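Each chain, letter by letter, is given below.
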Amino acid sequence: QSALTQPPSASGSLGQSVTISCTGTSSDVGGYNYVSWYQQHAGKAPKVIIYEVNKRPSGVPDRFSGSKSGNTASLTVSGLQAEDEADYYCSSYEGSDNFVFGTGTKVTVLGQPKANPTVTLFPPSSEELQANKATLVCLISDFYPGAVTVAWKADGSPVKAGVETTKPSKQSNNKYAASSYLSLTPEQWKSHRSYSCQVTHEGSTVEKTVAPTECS
Amino acid sequence: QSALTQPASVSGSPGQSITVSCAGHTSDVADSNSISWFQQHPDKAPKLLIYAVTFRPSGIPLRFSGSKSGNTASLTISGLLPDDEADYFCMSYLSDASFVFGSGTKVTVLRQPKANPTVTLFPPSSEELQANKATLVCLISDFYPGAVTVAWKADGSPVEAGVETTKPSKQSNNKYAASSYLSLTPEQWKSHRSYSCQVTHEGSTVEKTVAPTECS
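So the sequence lines, in the order shown, correspond to chains A and B.
Numbers 434 to 649, taken from our numbering, label the letters of the first sequence in order.
Numbers 6 to 221, taken from our numbering, label the letters of the second sequence in order.
What the hints contain is simulated information worked out from the structure, not anything from laboratory work.
Watch out, some of these pointers could steer you wrong.
In silico DSS-like pairs for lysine-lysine, Cα to Cα no more than 30 Å straight-line [to be verified]:
no. : chain 1 : residue 1 : chain 2 : residue 2
1   : A       : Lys603    : A       : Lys593
2   : A       : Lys488    : A       : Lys477
3   : B       : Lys213    : A       : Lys566
4   : B       : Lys73     : A       : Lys603
5   : B       : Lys138    : A       : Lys480
6   : B       : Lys180    : B       : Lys158
7   : A       : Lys623    : B       : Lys175
8   : B       : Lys119    : B       : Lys158
9   : A       : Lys603    : B       : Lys172
10  : A       : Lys641    : B       : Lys119
11  : B       : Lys119    : B       : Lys49
The whole structure should be built from the sequences, with the hints applied where relevant.
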């Protein structure tokens with residue numbers, strides 16, 4: 434089969450322009466017209482951006498663009514958005530009932546403004562309570578930089594190995610979300626009194642904490 | 006225009022076979038045959054599993070097979086395996102510029118648990134309700150697979166007017182966890198009667214409903 438040729442990255446800048454590459458063969462790019470650019474948001478499922486050249490599907494807003502001088506073919510993106518940083522692949526149909534892809538470019542929109550996660554700490558609810566069990570949370574949205582150190586604070590004490598939390602990632606494209614959870618014993622939760630999450634994001638630190646108060 | 010539901014997960018064993026679905030409307034999906042599957046795996050430029058349905062993109066093992074009852078489509082791989090975890094994608098075509106893919110699936114076959122996750126609904130607290138702000142968090146703890154789908158519906162109604170998800174990032178126990186983050190403020194939270202989050206899971210599909218309250 435051999436393969437294809439498109440670069441593993443392409444840096445642009447928030448409201449900039451994008452060129453996206455695809456060297457390929459004389460029966461594909463190099464010879465037929467049956468090319469595509471597909472836009473993963475990353476996690477959702479490809480979904481073509483440019484077809485049949487600069488063949489812009491339903492409500493694929495224009496600033497994208499096919500073109501190729503030959504064997505080798507590209508596509509540009511005039512002025513970025515950041516929804517623009519996604520996964521960009523390229524594909525020329527082949528010989529018959531068959532075609533070929535490759536991966537890269539239009540992945541990197543910096544010009545992206547840096548922000549802070551709006552921690553939100555919650556305790557366990559009723560059910561769980563009625564039910565005899567507890568699971569505590571720290572939600573973390575509104576950050577661009579996704580690379581956060583969250584902490585479990587227990588009556589003002591570094592809790593340790595009963596608390597999960599995982600690689601957040603992009604909300605409506607944009608920026609990320611996280612959430613730590615301290616899984617526990619209401620025994621010990623109903624013991625304690627200070628119940629604090631904390632995030633440290635880029636210097637800056639935000640802490641939240643709950644006391645056996647509320648209702649529920 | 007888009008509209009293809011394909012199963013969220015699809016269970017790998019060892020030697021075994023697996024099958025899917027994908028589904029939209031009459032029109033396209035049912036008045037006609039259109040839908041065409043893709044191998045996507047751990048970030049690569051997808052393949053071609055079905056190429057019009059009932060024919061395999063040559064150099065494709067014949068285990069994989071496609072199957073609409075007329076309203077929808079399926080797929081089977083007869084003899085599970087390693088080179089089979091992917092994210093399988095599906096398209097009917099469209100109006101010269103529609104052409105729609107359904108979601109994804111995935112697969113498995115090694116040392117692998119096999120278990121059921123744990124959805125959990127904390128609405129809001131006062132602090133938050135108090136001033137101007139809600140959200141509502143529905144977490145999904147330790148699964149085994151985790152390709153769990155999350156729903157938020159209140160007073161009957163489905164929704165995704167108001168929700169983001171936080172991908173099941175691992176709990177070093179090798180099990181799974183993720184969240185859903187729906188934000189209201191106050192207005193819907195109290196302007197409704199009850200809410201809910203629900204989690205489908207490789208034959209599994211457990212749900213929380215929920216309420217509001219006043220709090221004391």
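Now for the hints, and whether the structure bears them out:
Between the alpha carbons of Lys603 (chain A) and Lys593 (chain A) the distance comes to roughly 28 Å, so the proposed pair stays at or under 30 Å and holds. Taken as a hint, the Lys488 (chain A) and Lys477 (chain A) pair is honoured in the structure, with Cα atoms around 22 Å apart against an allowance of 30 Å. Of the supplied pair hints, the one linking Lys213 (chain B) and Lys566 (chain A) holds, its CA atoms being roughly 16 Å apart against a limit of 30 Å. With a CA separation close to 34 Å, the supplied pair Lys73 (chain B) and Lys603 (chain A) exceeds the 30 Å bound.
Distance hint between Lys138 (chain B) and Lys480 (chain A) is unfulfilled; the C-alpha atoms sit about 35 Å from each other, more than 30 Å. Only pairs whose Cα atoms come within 30 Å are accepted, and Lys180 (chain B) paired with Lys158 (chain B) is accepted, the gap being roughly 27 Å. Between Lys623 (chain A) and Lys175 (chain B), the direct Cα distance comes to roughly 28 Å. Compliance with the 30 Å bound is thereby established for this hinted pair. Between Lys119 (chain B) and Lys158 (chain B), the direct Cα distance comes to roughly 28 Å. Compliance with the 30 Å bound is thereby established for this hinted pair.
A hinted pair counts as satisfied when its Cα atoms are at most 30 Å apart, and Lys603 (chain A) with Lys172 (chain B) qualifies at roughly 9 Å. Restraint check: the Cα-Cα separation between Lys641 (chain A) and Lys119 (chain B) comes to about 36 Å, which exceeds 30 Å; the hinted pair is violated. Among the hinted pairs, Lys119 (chain B) with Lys49 (chain B) is consistent with the structure: their alpha-carbon atoms are about 26 Å apart, no more than 30 Å.
Comparing the model with each earlier hint shows violations of hints 4, 5, 10; every other hint is respected.
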